[PDB]
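Trainee: For this one, chain C is given, so just place chains G and M on it according to the hints.
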Amino acid sequence: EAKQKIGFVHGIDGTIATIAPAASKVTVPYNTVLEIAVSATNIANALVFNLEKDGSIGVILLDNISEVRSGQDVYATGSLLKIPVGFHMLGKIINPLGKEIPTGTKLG
Amino acid sequence: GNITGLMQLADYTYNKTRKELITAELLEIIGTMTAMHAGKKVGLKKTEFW
Amino acid sequence: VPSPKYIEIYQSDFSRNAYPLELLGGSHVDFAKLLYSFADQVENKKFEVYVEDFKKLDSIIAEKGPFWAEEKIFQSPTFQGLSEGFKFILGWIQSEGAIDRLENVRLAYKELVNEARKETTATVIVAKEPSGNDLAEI
Numbered sequence: 024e025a026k027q028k029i030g031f032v033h034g035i036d037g038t039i040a041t042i043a044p045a046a047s048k049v050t051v052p053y054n055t056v057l058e059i060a061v062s063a064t065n066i067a068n069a070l071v072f073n074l075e076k077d078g079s080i081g082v083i084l085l086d087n088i089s090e091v092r093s094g095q096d097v098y099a100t101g102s103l104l105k106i107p108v109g110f111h112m113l114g115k116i117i118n119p120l121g122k123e124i125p126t127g139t140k141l142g
Numbered sequence: 256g257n258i259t260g261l262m263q264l265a266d267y268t269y270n271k272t273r274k275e276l277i278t279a280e281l282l283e284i285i286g287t288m289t290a291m292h293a294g295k296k297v298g299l300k301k302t303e304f305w
Numbered sequence: 022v023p024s025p026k027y028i029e030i031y032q033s034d035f036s037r038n039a040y041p042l043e044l045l046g047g048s049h050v051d052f053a054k055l056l057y058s059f060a061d062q063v064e065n066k067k068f069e070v071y072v073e074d075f076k077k078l079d080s081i082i083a084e085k086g087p088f089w090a091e092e093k094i095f096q097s098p099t100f101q102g103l104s105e106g107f108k109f110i111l112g113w114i115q116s117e118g119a120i121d122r123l124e125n126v127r128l129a130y131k132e133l134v135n136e137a138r139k140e141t142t143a144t145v146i147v148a149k150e151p152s153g154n155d156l157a158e159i
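Protein chains in written order, with the deposited numbering: chain C, 24 to 127, 139 to 142; chain G, 256 to 305; chain M, 22 to 159.
The following block holds chain C by itself, in its conformation from the complex:
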């Protein structure tokens, strides 16, 4: 399994991130998910909110924002946001990314 990158993060403002792309041939769709490699182990998902003429991607961050730094790489999934779905979800609370939270197949 090989991932596909588009660029790195130019800057961030709290929950927001702007992207500097590499290999300007490549494009990204509008409302796709982006996976940021804060480290080789951990990965943060994000969404593409807008695009610019210069070549850049305004992105909204959804997890592990504090770990984000400038100079990190980005990858693209190539699909809209989606969550696990089905009858196997009635008894458990979740995060809107589907991550089940502790407490004391199909996608959609």
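Just to be clear, a hint being listed does not mean it is correct.
Unchecked claim - In the BS3-like style, the derived pairs of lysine-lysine whose C-alpha atoms are separated by at most 27 Å in a straight line are:
(1) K139/M with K76/C
(2) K26/M with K48/C
(3) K48/C with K28/C
(4) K28/C with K149/M
(5) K131/M with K76/C
(6) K26/C with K76/C
(7) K66/M with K28/C
(8) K274/G with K76/C
As the list claims (entries may be wrong) - Below, a sample of chain G positions facing chain M; criterion: calculated Cβ distance under 7 Å:
(9) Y269
(10) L299
(11) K300
(12) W305
Since the hints were made in silico from the structure, they are not lab data. Note that CB positions come from ideal geometry on N, CA and C, so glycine has one too.
Mentor: Just chains G and M now, with coordinates in the frame of chain C:
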């Protein structure tokens, strides 16, 4: 008949000041947005320097 | 000092000309398109010349620290090895204050190089040291 006149006069002053307040919030926001962009206005400046 | 070929190209328009690739960016696209236009026109498609200047500059900064944008790039003892067109463009960037946007220039001139020569690269960052079995297996 007098209370109604006072009431409509207050309904007008309230509904007018609500509009002036909404417009004022827009002016403040657009003033901050226009000031940021005007100060942050970027140009090429392809002119001689040597 | 700056040759009139660079002054004529500079005062003339260059961005609307034909290039190997429509380049994405803001102001930093011109600093690379002008390097490519010099390398293509006056230096006769000797692209790696300016690619060496970046390789030169990566060491020159280590000899001076990050306070090298202050210095006029023409007159200097360390910049003597640089190309005049490259010096002119560093001076133009010095005037515009875009010198913090340097690596976005080399990364684009590398694209135009890799597309004109049609040489797509593939970086490798393998191990604490390399080996022969994996150098032939990878």
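Trainee: If a hint holds in the structure, say so; if it doesn't, say that too.
Mentor: Each hint tested on the structure:
1. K139/M with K76/C: Holds, at about 26 Å.
2. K26/M with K48/C: 31 Å, violated
3. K48/C with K28/C: 12 Å, holds
4. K28/C with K149/M: 24 Å, holds
5. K131/M with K76/C: Roughly 21 Å between the alpha carbons, so the hint for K131/M and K76/C holds.
6. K26/C with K76/C: 25 Å, holds
7. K66/M with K28/C: 30 Å, violated
8. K274/G with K76/C: Status violated; Cα separation ~37 Å.
9. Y269: 49 Å, violated
10. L299: 6 Å, holds
11. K300: 5 Å, holds
12. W305: 5 Å, holds
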